[PDB]
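S.K.: The lines below spell out each chain.
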Amino acid sequence: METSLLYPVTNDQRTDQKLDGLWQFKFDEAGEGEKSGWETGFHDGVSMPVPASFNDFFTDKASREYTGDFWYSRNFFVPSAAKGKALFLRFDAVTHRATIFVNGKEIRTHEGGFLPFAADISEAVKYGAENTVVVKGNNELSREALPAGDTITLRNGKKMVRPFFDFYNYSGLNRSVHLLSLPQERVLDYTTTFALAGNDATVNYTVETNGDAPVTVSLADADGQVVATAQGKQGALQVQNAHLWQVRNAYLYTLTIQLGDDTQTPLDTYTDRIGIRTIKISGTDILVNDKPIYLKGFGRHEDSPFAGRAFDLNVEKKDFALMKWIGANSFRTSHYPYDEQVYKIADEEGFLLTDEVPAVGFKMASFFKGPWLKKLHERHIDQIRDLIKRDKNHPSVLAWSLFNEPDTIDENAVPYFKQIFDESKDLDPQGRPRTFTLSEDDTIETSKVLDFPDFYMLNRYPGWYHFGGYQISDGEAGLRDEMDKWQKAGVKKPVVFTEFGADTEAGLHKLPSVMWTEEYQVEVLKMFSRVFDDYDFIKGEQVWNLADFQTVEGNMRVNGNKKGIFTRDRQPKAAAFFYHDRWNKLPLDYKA
Amino acid sequence: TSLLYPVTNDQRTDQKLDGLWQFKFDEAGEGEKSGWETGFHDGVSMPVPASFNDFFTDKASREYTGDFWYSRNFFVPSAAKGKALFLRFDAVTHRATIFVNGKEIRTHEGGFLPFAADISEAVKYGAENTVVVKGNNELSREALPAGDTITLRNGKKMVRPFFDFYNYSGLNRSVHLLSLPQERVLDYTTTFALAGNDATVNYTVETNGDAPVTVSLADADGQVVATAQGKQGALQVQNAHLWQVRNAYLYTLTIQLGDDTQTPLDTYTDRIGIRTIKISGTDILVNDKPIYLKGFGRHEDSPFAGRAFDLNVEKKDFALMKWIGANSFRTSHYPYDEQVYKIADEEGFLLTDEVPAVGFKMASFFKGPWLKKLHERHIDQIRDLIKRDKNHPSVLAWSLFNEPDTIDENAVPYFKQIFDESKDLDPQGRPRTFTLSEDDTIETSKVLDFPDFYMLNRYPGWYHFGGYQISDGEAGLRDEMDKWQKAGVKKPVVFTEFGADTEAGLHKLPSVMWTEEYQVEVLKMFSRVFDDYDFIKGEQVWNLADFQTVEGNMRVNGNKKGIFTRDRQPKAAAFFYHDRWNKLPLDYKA
Ligand SMILES: [Cl-]
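So the sequence lines, in the order shown, correspond to chains B and A.
Per the authors' numbering, the first sequence runs over residues 1 to 365, 376 to 602.
Per the authors' numbering, the second sequence runs over residues 3 to 365, 376 to 602.
Next comes chain B alone, as it looks inside the complex:
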């Protein structure tokens, strides 16, 4: 029930100072952190950068694999000019679980390590003095929290995780920490939808505030020129001769919201950039601004060698440099909400994102049978609400993914899907498509939930998990056989392939190819391309993965996952040049 997830801005009514830097850090295996006073703060631990996953900074494995309570400590200054304002610490992500103490006093908890949350500390600090913030984070996985997984205990006592997902359990203060001072009466939320008529457009907005003061809304273009204004919390901004936002061709207008009448100084100002564009599913078409498009891309994680799962602006800007070069125009934020700065860059660069909530693991290799479904569901729907509230105004969000590879064959999955889909059908004012990925075991013959998603996202791995090597010929025929069945039943919704590919160890070559070589990656991708091109209802290809990424140790995991088109260092495998050639030859309206 987060009152507001607006991204921090700086103006005369709102301040935002980052608390990033080095913190004190201590493990707590015994769980006696609070018994012995760590919540008042400490400086007898190890320095830990923020934001950063804490796991890879340690040379010993038990610390890399640590599972339990852990503590971050820091001092921060509160200016005396802040007295009277609404004061918040905004945590952009604490994986997975956090209790926040300021000066020894408990402020709040939070569940879910991938969305932001703020702590009202207005009453917990001395103004004009140094205060202390302590974070008691937790790490464990259970089937009652997203991402789904288990926590086991080695015979020697140490806890460790057995995830139901691929990626590594990178943990800790994974994203920035802000100190905010906001007006007492302020903007909490706003919403935008768009309509196009001829060369003109209309933004339809609403604004939520914690009070009754008047609301002025003003829309300015790229050069600061005001082009529409309106009064009140509902309204319609008329933009004549609009500059539409276009795939791989962004145009962003600045939106400005202010509280007060013209006898006041503005009691609050908020500011955000939005793109004027519309998204419709029509038949099997995905329409952006009423012309069909064809998705090309990935397939991503937030993973980097030094930050773990933490947001790094350098790695993010290179991922976009690469993705623009290679011809992509879309990617899915698998398998969890990304740092907010990523959606701002997709807006700036004209990319189409599939925003995913962290519901991986709904799949035991009897899931929906059990009793952890009650608590799991609360957290799932709550994480879906907060995700849609945070990112709804980004032009680059195209669709919401509400599961990843859930067990759709279990008939008991249908009551759960009915509930999730019912409870979310109206969260997004733009009413974009809501979907999920179907795993390989989940086909037109075996899935029970094919009626729900607004378009289809298939995860197919012929040539890797099935029909590998010289059997690849049988795998293509068996995929063509499935795609034949969709066609017969007459798919009325678009189909998008969202995973496929091949683990590839850069530098491994063979002629002829063998699984794991660079040549085999290309043969596999060429094979998929031949299938995609032979069916009109296939409307996009998102390969797995963009880069190689870290993973739980295992005998099938050559240090992480290696399915990337690029290495973890962000350099290209042979498959990168394949797609660089294919994707820059496919137009935006491919198949139409």
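Everything labelled a hint here was simulated from the structure, so no lab data went into it.
Using N, Cα and C, we set each Cβ at its ideal position, and we do this for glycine too.
Coverage of chain A stretches by chain B, computed from C-beta distances (three or more under 8 Å per stretch; other residues unrestricted):
#1 4–12
#2 37–51
#3 55–61
#4 74–83
#5 298–309
Based on these hints, arrange chain A with the ligand on the given structure of chain B.
M.R.: Only chain A with the ligand this time, still in chain B's reference frame:
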């Protein structure tokens, strides 16, 4: 004028302008005639801090040499009207001109030390303002680090450095928006003495007014243990907790301006360590006991940021250096981000702080009309470095050149001058030195009287007597070590470069150069030599991690002499030092 690191309290603010700026190349040099100083948004987004080179897919951009432009909007709070407003640039590589709201404020030379611009009268308090930076990354023999800029037959400009590392350029370190008091602390100094279990911090405080000064020192739990009034004074610490190698203890210093009656005018706080540094003949003494240096050998180089400071890589580099048993490193070949020293202070490492006086030699140099301006910029960057890093307990010595061409008798006037103009800059009077290249030896070097201790760069078994010849290379190194011993060497000797390129994964039995085994073989050889001579008081191997470099047929995608890979995983040579260095006590050879 002041290089103090920004702090946050009720008198001083500090807000980073890091994030995505706008970016454009200006190969033509038309940017100012085109009105770009007023800000622009028609370029490409570029992270700050970070080198811009590695974000482009084309080589022409990656290698670009000339004028480049950064542009950003920022907000100046109404509440800041009346304070001294500053844009502080932590590093702009290598040249900058600063514009605010289209108005040219300031320029700067040198790409690895911070500078501040007073923008108090160039902004609209309470609205958005524009900052534009016009950077240049050309090299010449008149600027540090030294090199040349050439034009290809196709018009494009290209740099050809006199040093190894790549020409990573742009906004390589954070940008701060500061709010300072009108009367404020500008500088302070610390020196230490010991007596029994007691110590004496001897301070001074530079100010730009006459208001009274008040200094207080508190221990790690916040208890106050000494106060004093006046711009000079001595704090008496009873039963002091000394700052020890790999065993730091940091007191908090608090400078406060204003008399007992008024509102405080300025507060400045820093963390210092109580410890002394003396060169006693051939020993290096920290707190009057002899130490033995072990370490690297470093660069500020990471895959995604390039030259730019990245706190994740830095804490990881420090995690590794403690794991391996090291206790020192040299900031080759330029001052590092200021965070590196604060971590060094908290972890009790000893740093050799190096100014970017690299490439003073060609493949002569001191016999050219470029020295006059070169020397201006050289001694100025020396002054800025010592002024910035003075107060760190962890800075052990200053390095004033890396591999200058000391064979020519003309180097001697220039050294004479550099060494006289730096004589009395560091209040602690720590030792000033420089690295001697392979060609500069006891037989051939002409500047051996100057340094306070000797830093040796030797590459037997790599650039000479490679492969099966290594045994003759070991013999030659002992030859030279015999001649030092003969010459009655009275100052300490520290090996500060040695090693071997190693491609992680290349194995051979028996070894060949470039394999992991050969590297261990080479490092074992150097160890055997170091252990048979008493004046040798330190081994700093080159390099800590594989770092990026100019393209060349001898550069297998950058330098590869690193004990760790560019991703910071170990090569077999990691475990050799992990064994050796964790068995040498801190007083080895005493
Ligand atoms: Cl208070």
